[PDB]
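Starting off, we have a lone chain in the form deposited without this ligand, written out as C-alpha cells.
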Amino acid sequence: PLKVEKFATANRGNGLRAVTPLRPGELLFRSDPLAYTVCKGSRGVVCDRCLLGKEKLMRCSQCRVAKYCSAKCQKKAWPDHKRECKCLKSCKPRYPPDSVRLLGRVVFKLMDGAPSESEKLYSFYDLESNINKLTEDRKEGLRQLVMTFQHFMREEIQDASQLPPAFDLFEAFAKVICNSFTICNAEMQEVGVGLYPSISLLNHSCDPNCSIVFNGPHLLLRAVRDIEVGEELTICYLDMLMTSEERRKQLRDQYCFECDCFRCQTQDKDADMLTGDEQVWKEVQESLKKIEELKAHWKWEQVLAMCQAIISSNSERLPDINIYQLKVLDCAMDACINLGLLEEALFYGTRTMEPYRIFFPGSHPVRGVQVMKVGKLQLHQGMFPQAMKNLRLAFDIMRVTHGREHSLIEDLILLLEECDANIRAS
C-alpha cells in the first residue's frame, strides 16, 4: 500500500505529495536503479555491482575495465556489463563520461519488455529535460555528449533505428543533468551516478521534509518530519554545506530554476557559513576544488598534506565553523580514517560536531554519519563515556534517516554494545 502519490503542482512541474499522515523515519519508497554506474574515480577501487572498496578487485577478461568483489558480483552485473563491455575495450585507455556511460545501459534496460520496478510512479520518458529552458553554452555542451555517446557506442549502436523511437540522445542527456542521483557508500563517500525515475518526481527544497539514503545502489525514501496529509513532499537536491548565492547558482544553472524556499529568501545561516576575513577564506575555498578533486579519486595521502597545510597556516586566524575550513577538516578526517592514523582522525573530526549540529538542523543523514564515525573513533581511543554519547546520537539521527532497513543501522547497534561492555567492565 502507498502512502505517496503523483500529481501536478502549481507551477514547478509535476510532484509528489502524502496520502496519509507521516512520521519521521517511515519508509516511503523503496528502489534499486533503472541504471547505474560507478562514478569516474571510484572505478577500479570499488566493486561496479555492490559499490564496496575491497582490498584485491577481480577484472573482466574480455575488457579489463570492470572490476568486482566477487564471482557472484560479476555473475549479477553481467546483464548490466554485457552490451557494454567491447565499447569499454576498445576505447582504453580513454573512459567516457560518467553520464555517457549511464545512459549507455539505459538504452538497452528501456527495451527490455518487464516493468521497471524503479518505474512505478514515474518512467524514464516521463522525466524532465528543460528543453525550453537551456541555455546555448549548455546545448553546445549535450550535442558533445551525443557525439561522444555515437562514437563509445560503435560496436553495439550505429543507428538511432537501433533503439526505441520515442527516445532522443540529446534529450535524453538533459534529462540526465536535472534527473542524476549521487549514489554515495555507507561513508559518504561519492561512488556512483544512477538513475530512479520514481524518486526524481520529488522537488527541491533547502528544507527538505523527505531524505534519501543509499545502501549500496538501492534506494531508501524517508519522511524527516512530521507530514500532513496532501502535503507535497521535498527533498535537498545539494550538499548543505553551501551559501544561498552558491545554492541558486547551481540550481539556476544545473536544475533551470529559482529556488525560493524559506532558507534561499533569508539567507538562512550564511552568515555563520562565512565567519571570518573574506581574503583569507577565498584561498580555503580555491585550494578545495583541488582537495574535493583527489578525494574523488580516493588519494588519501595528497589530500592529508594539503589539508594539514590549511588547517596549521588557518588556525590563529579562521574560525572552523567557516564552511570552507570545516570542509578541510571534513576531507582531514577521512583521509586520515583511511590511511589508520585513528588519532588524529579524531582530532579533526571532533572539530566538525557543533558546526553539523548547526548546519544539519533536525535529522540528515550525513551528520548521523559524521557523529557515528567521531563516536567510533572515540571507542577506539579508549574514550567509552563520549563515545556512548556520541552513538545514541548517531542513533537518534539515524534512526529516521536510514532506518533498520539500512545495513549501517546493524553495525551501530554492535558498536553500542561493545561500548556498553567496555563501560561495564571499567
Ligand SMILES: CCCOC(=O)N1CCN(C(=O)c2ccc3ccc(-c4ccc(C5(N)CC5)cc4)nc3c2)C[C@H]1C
Given for the second form:
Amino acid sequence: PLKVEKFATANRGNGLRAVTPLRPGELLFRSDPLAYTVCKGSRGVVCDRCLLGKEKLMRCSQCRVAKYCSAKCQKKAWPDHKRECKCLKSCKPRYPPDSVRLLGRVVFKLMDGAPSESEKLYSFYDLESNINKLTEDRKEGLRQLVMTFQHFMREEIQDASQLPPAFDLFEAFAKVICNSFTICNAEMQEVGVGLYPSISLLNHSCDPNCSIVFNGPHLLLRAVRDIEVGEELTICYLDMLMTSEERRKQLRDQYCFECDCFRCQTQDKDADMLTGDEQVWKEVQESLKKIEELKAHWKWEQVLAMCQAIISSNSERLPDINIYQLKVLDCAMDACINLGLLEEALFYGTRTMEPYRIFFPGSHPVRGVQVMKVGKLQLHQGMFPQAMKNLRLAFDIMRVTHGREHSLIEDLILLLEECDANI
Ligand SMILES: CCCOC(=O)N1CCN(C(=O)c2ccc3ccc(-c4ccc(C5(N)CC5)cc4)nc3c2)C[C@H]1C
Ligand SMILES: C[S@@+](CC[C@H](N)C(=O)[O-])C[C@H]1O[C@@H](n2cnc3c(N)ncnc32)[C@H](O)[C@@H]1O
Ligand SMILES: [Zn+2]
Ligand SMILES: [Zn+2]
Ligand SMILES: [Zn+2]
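Got the form deposited without this ligand; any chance of the form deposited with this ligand bound too?
Shown next: the complete complex, the earlier chain at its head.
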C-alpha cells in the first residue's frame, strides 16, 4: 500500500504527493534501476554490478570493457550485458558516452526484459522530455548523441523493429538528460548513472521535504520533513554547495525550468558561501575542476597534492565557509582517508563540520555521511567522547536519511557500540 501517488501539478508536470501524512525518516518508496551502468571515471574501478570498490576486479573476456566484484557478480550481470558486450567489442577502442551506454541498456531492458518494478508509478514512455523548451544548441548535441548511439549499437541495433514501438532516440536522449540519476556509493562518491522512472516523478525544490539514498544500485526514497496528506514531495536535484546563480544555470541547462522558490528569490546563503577575496576563490574554483576530475578517476595522491597547495597555500587563503574552499576540504579529507593518512584526514574533516551544519540543514545524507566519517576517524585515534557525540549526531541524521533498509546504518551501529564500550 503506497504512501505516495502520482498527480498532475498546476505548473510542474506530473509530481509525487503524499497519500498519508509522513514523519521524517519514513520510507516512502524503493526501487532498482530500469537500467544503469558505471560512470566514465569509475570504469574498471568499481564492479559493474554492485558498484563496490575492489583492488583487483575480474573482467569480461568477450568485451574486456566491463569488470566485476566476483564470479557471482559477473555472472548475474550477464543477462543485461550480453547484447551490450557485442557492441563495445567492435567499438574497441572507442568507449561511448555514459548516456549512450545507459540508453543501450534501456532499449535492451525494454525489448528483452519482463516489465520492471521501476516503472510501477511512471514509465520511460511517460518521462518528461522538455522538448518544446530545448535550445537549438541543446538539440544539436542531442542528434550528435543519436548518431553516437546508432554507430555504437550497430551490431545489435540495425532498424526500428529492433526498438520499442515508435521509439524516438532523440526523444529518449532528451528524457535521459532530465531524468538521469547520478548513483553514488556509501561514502558518497559518484560510481554510476541510472534511470528510475517512478522516482523521476519528484520535482525539484532548493529546500526539499524528501531525500534519496543509494545503496549500490538500489535507491531508497525517504521523507526528511513532516509531510501532510496531499502535499507534494520534493527532492533537491542539486549539490547543496551551490549559489543560487549556479543553481539557476544548471536548472535551466539540464532541467529546463526557472525556480522561484524562497531560497532563490532571496539569494539565501549566497553571500556567506562566497566570503573571502573574489580573485582567490575563482582560482580555486578553476582548480577544483581538475581536482574533482582527478577524484572522479580516484587518483587520490594527485588530488591531495593539489588540495594541500590551496589549504596550506603560501599565498592568500579562504575562509572554510567559502564553498569552493569547503569543497577542496572535502576532496582533501576523502583523499587522505583513501590514502590512509588518518590524522590529516580528521583535520580537514573536523574543519568542514561547522560549515556543513550551516549548508546542510535538517537531515541531509551528505552531512550524515561526513559526520560519520569524522566520528570514524576520532574513534580510531582514540578520541571517544567527541567521536561518540559525532557518531550519535551522525545517527540522528542518518536514521532519517538512510534508515534500517540502508546497510551503512548497520555499520554506524557497530561504531556506536564499540566506542560506547570503550567509554
Ligand atoms: C530525477 C532527476 C533529477 O534528480 C536527480 O538528478 N537527482 C536526485 C538527487 N540526487 C542526489 O541526492 C544525489 C545523488 C547521489 C549523490 C552522490 C554523491 C553526492 C555528493 C557527495 C559529496 C558532495 C560534496 N563533497 C559536496 C559535498 C556532494 C554530493 N551527492 C549525491 C546526491 C542527485 C540526482 C541523482
Ligand atoms: C525528473 S522530472 C520531474 C517530473 C516532471 N514534472 C514530469 O512531469 O515528468 C524533471 C522535470 O520536471 C520539471 N520540474 C522539475 N522540478 C521543477 C520545479 N521546481 N519547477 C518547475 N518545473 C520543474 C522540469 O520540467 C524538469 O525538467
Ligand atoms: Zn563483456
Ligand atoms: Zn560486484
Ligand atoms: Zn529554488
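Heads up, when I say rigid core I mean the largest set of C-alphas that superpose within 1.5 Å between the two forms. Residue numbers count along the first chain shown, from 1.
task = Please name the single residue among 299, 252, 317, 139 whose Cα shifts by at least 2 Å between the two forms after core superposition.
result = C-alpha shift of at least 2 Å: 317.
inquiry  = Is the shift of residue 286 between the two forms large enough to count as movement, that is, does its C-alpha move by 2 Å or more after the core is superposed?
reply    = Residue 286: C-alpha displaced by less than 2 Å between the two forms.
request  = Look at residue 112 and decide if its Cα position differs by 2 Å or more between the two forms after superposing on the rigid core.
outcome  = Shift at residue 112: 2 Å or more after core fit.
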